[PDB]
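K.L.:
With the hints as constraints, model all of the structure from the sequences given.
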Amino acid sequence: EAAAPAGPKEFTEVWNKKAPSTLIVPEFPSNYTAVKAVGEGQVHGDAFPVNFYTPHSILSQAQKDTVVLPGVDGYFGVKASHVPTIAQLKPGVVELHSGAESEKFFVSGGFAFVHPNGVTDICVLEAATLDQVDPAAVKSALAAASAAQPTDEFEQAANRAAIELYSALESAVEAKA
Amino acid sequence: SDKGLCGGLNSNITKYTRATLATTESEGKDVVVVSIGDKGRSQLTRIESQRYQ
Amino acid sequence: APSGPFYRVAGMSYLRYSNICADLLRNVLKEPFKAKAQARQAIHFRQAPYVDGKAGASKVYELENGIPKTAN
Numbered sequence: 023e024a025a026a027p028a029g030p031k032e033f034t035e036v037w038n039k040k041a042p043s044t045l046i047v048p049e050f051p052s053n054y055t056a057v058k059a060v061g062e063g064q065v066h067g068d069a070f071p072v073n074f075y076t077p078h079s080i081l082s083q084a085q086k087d088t089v090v091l092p093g094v095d096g097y098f099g100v101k102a103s104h105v106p107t108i109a110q111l112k113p114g115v116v117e118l119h120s121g122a123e124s125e126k127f128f129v130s131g132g133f134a135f136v137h138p139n140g141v142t143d144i145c146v147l148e149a150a151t152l153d154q155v156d157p158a159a160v161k162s163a164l165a166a167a168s169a170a171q172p173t174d175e176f177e178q179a180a181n182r183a184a185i186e187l188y189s190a191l192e193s194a195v196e197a198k199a
Numbered sequence: 107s108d109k110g111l112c113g114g115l116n117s118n119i120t121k122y123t124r125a126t127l128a129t130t131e132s133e134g135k136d137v138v139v140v141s142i143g144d145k146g147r148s149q150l151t152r153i154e155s156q157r158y159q
Numbered sequence: 003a004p005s006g007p008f009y010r011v012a013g014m015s016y017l018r019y020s021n022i023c024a025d026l027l028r029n030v031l032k033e034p035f036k037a038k039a040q041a042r043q044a045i046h047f048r049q050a051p052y053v054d055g056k057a058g059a060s061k062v063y064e065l066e067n068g069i070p071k072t073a074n
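If you read the protein sequences in the order shown, they are chains R, S and Q. Quick note: the first sequence uses PDB author numbering, first residue 23, plus one each step. Quick note: the second sequence uses PDB author numbering, first residue 107, plus one each step. Quick note: the third sequence uses PDB author numbering, first residue 3, plus one each step.
Rather than coming from a laboratory, the hints here were simulated on the basis of the structure. A few of these clues could be false.
Which bits of chain Q does chain R cover? Going by a derived footprint, with three or more residues having C-beta under 8 Å, they are [claimed, not checked]:
(1) 10 to 17
(2) 21 to 32
(3) 54 to 66
Calculated pairs, DSS-like style, for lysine-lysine (alpha carbon to alpha carbon, straight line, at most 27 Å) [stated by the list, open to error]:
(4) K121(S) - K31(R)
(5) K36(Q) - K71(Q)
(6) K135(S) - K121(S)
(7) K135(S) - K58(R)
(8) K109(S) - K40(R)
(9) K31(R) - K58(R)
(10) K198(R) - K36(Q)
(11) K61(Q) - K161(R)
(12) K56(Q) - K161(R)
(13) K40(R) - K101(R)
(14) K36(Q) - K112(R)
(15) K161(R) - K32(Q)
Ideal Cβ positions, reconstructed from N, Cα and C, are used throughout, including at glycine.
P.N.:
Quick look at the structure:
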């Protein structure tokens, strides 16, 4: 039921009454986005724009044809027009495909969106390519993870997160292509 | 900001704070005012002190 | 008390959970790349709850090793 249409152009009607006219209207983050989700398009064939993001770095903004994301119910591939999906990702390998070549970023979690206008968005917190990872340090930390047993389940909420991140990192490079 | 030699930055959004806050609070609702940067803790605790947590 | 995922039933937020997974990925990187990890991992800020306009003293975070994985 839509009797309360909040919005950026509808913020200005109440702002022209209580707030004075001495200030210009404050900006909104929607005014800086050229791409939305509800206006269809952006596919034009077999490609779709993929925006792979960390908080500290924009890793990709090109157009791919296959994106393999490590969802919490397992890996899944995204073709040109996937179903609109909000998929929570576990630690695993985000795999991009523009053609015959593939780049394999290992991510630590964070969600992944597929939008009804065909655009997709991968939103992680730390994404290291596997050439930046060395396996000698990985399961030595799992040897420090799955051995200590604190019954405080705030620490084995972190230790469960430590186990599934390191163990998915071992098979990320031991199952090399 | 934290150091206050910026010259009109931290005062401008405290004008834009109450121009946005009083626009959206006319229903008798709860409001918590937070500030990031100690130039706001010298500027917002004198204009909105009853709602500064 | 609450339900949801394994971090949410422990009182751990998603931002604390996804950061605990984040820096634990940064701990096992190669040393040319792990040098660029504790820069974006350090937490250096302070806070003060204002009850009536009079704070208290402080709560200063000076951690250079990430978000606290201990209880909170």
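K.L.:
Run every hint past the structure and note whether it holds.
P.N.:
Each hint, compared with the structure:
Note: the region 10 to 17 of chain Q has 3 residues with beta-carbon separation from chain R under 8 Å; the three-residue rule is met and the coverage holds. Counting residues of the region 21 to 32 of chain Q whose beta-carbon sits less than 8 Å from any beta-carbon of chain R gives 12, enough to reach three: the coverage restraint holds. Only residues whose C-beta sits within less than 8 Å of a C-beta in chain R count toward coverage, and the region 54 to 66 of chain Q has 0 of them, not enough to reach three; the restraint is violated. Distance restraint check for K121(S) and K31(R): the Cα-Cα separation of roughly 21 Å lies within the 27 Å cut-off, and the hinted pair is therefore satisfied.
For a cut-off of 27 Å, the pair hint linking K36(Q) to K71(Q) stands: about 20 Å separates their Cα positions. The hinted pair formed by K135(S) and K121(S) meets the criterion: a straight-line CA distance of about 21 Å does not exceed 27 Å. For the suggested pair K135(S) and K58(R), the alpha carbons sit about 32 Å apart, so the restraint of at most 27 Å is broken. About 32 Å separates the Cα atoms of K109(S) and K40(R), which puts this hinted pair outside 27 Å; it is violated.
Note on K31(R) and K58(R): the hinted pairing holds, with a Cα-Cα distance of about 16 Å set against a maximum of 27 Å. Between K198(R) and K36(Q) the CA atoms are separated by roughly 22 Å; this keeps the pair inside 27 Å, and the hint holds. Only pairs whose Cα atoms come within 27 Å are accepted, and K61(Q) paired with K161(R) is rejected, the gap being roughly 36 Å. A distance of roughly 49 Å separates the Cα atoms of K56(Q) and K161(R); the hinted pair therefore is violated under the 27 Å criterion.
A C-alpha spacing of about 49 Å is found between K40(R) and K101(R), which places the hinted pair above 27 Å, so the restraint is violated. Annotation: proposed proximity of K36(Q) to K112(R) holds, straight-line Cα distance about 22 Å (limit 27 Å). Of the pairs offered as hints, the one joining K161(R) and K32(Q) holds, with about 14 Å between alpha carbons and a cut-off of 27 Å not exceeded.
Of the numbered hints given earlier, the model fails hints 3, 7, 8, 11, 12 and 13; all others are met.
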